[PDB]
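A.B. asks: Build out the structure end to end from the sequences listed, making use of the hints.
There are 2 protein chains.
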Amino acid sequence: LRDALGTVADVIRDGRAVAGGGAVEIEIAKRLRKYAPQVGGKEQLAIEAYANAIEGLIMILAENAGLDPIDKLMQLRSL
Amino acid sequence: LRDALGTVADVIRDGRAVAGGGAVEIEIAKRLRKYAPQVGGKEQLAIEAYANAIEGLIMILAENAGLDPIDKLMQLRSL
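Protein sequences appear in the order of chains A and A'. A prime marks a further copy of an entry chain. For the first sequence, the residue numbers in PDB author numbering are 397 to 475. For the second sequence, the residue numbers in PDB author numbering are 397 to 475.
No false leads were mixed into what you were given.
Each pair may be met inside one copy or between any two copies, as identical chains are not told apart.
With a straight-line cut-off of 16 angstroms between C-alpha atoms, the simulated EDC-like cross-links for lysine to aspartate or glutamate are:
1) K426 x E444
2) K438 x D464
3) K438 x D467
4) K468 x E451
5) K468 x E421
Quick caveat, the hints were computed from the structure, so don't treat them as lab data.
C.D. replies: Okay, here's the thing in structure tokens:
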């Protein structure tokens, strides 16, 4: 109960909110893959290797609830 | 000399010609990566794994003439 209240306080101290469920990771993994071609050098492989590691988080969320992980990633990315 | 003549005969028997030097591979590796999103299923990973294996040929051409292979691939793809 006090951890719930101390989460409401983390909203009220800074008035933004974002969806759970892995909805944030897949917008970030779009912005990076559109930004990486501007950086151009060997550094381009390190940014795209960052994006693959953030999407690689919500597999650990799907794989954990009994689902088939890869298809239930591909459906979200296509959506 | 007869293998040279028997190459001119391979042009004359069918009146098309294409550039050497790895110029064909990098147009094919563009068409495939634009076509793969239409196929959509697990099969999409097999087509993109085909494109990476055709570009992977001209590294064996650059790596062989003493050059640094990766950058001399990236310059061609950007061009």
